[PDB]
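Just one chain is shown here, as structure tokens, and it is the form solved without the named molecule.
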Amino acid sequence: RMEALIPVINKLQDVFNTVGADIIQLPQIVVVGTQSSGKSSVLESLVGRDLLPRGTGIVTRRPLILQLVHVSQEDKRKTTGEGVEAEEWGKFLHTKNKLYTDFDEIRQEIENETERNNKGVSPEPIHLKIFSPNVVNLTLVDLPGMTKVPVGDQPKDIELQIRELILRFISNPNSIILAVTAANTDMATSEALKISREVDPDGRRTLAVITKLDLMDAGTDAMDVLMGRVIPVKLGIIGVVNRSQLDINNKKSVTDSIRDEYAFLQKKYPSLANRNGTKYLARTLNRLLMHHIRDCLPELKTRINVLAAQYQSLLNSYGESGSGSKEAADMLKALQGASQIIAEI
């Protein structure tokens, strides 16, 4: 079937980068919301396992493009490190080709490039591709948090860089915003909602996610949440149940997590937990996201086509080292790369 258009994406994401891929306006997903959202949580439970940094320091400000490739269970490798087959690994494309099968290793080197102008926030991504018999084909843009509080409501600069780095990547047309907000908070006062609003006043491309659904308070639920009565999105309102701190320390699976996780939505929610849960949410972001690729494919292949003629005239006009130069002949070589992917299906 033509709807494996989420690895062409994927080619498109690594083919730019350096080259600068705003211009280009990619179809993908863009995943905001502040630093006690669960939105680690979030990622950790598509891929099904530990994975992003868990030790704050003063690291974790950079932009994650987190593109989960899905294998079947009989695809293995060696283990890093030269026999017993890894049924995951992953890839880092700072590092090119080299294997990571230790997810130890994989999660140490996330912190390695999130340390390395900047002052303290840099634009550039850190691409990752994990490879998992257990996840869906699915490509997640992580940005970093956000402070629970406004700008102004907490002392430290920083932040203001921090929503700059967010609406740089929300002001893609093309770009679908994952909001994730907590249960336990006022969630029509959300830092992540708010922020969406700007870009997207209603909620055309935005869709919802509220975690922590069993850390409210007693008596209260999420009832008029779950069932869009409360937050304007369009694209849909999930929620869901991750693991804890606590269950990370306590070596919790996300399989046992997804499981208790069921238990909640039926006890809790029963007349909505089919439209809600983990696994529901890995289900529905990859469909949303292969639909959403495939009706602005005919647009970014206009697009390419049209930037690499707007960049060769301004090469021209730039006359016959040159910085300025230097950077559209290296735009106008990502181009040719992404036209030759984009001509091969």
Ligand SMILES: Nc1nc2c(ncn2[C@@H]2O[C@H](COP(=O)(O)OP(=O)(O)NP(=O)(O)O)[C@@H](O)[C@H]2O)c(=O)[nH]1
Second form
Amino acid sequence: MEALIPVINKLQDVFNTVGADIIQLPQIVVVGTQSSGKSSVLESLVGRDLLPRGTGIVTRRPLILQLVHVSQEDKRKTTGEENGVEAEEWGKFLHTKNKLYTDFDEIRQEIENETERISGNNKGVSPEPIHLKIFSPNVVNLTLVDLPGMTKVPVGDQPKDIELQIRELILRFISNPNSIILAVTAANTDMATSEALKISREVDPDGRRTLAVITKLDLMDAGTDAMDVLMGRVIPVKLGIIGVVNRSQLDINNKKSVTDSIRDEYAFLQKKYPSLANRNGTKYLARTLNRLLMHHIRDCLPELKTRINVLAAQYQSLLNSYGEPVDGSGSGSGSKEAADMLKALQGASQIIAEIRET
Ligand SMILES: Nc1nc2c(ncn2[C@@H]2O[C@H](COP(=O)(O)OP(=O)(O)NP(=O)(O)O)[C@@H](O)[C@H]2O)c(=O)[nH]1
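Next up, the form solved in complex with the named molecule. The previous block was the form solved without the named molecule.
Once more the chain from above appears, this time first in line as the rest of the complex follows.
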């Protein structure tokens, strides 16, 4: 049985600049607020810090993070750099094509380099995602669509008008019927007022497409345990409630080893939540997210295939409604879209046809 995650990864790449929304791809979309710790969740899954830091404003455009598992024997000759020590982990950006990044600091820098631009349109937020593959023996096969974080207070309770278009961007992504919403919220807050959960209920009223991740369990007030948060007595969400403890900024600056932060999280869970510890934590989260995505993709695969074909026939017949002038150039901008879309759909069906196992 062919692994389906790599297939959807390639489809994501195929529909990058051309418009992937109408495809309604099966994917996990990460919704979090400011100070929720969703960037840390991603880094917990990667096993490295790689996301741009901080201080402040930052991270406007979506990031499609594609974690690809490799064998520990599968390594890369690094850079040029006058060395040749074989590298165990590397990264690739779709914008830079086949270039290899063996230094995660150059990975973090390229993200900064691909973000924060004006981008030559008049906005503060761009809908165009960054595509980053991470090859590592320390990661599970998993892809996440990281969206720009919201303010932790309602949009009207803060002075920036731009927050609206941030909400629009998130809504645009999570309105995808085949998207799974990963809602990130800190245990440190009134969790039934999370902006992440609230905006998720706007497209998923009952939370049947939503999985809640509870971060910052180590930061709660004296003599609270969110056992209720562990229960999902309180949060109306169906795909699960998973509590984690990521590394703090203190830990990163101190260069806390990830092997040490992992067992520290585990030990914290064992102590504070003994009857629940086995269904919480970073490692657990990585495993159920992997299984969830695999099961979700195979569920959506048959409809995805026909939709690509249905879309193809529509765009082609639409090209015969536009349909001119037969000129080599200056044909149309709308005609150019449909042709570019048809080309991408062609690549999509090709990728899908290249699956075979029963
Ligand atoms: N103690 C502790 N600190 C955490 C945890 N998760 C995140 N943090 C810290 O609290 C902050 C959370 O923000 P971050 O992780 O960047 O995610 P974010 O809020 O989506 N991103 P940002 O606010 O930077 O735009 C970070 O400075 C991080 O170090 C956690 O589980 N425990």
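Numbering follows the first chain given and starts at 1. Note that the rigid core is defined as the largest set of C-alphas that superpose within 1.5 Å between two forms.
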item: Rigid-core-referenced C-alpha movement of 2 Å or more between these two forms, selected from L315, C296, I304, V59; value: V59
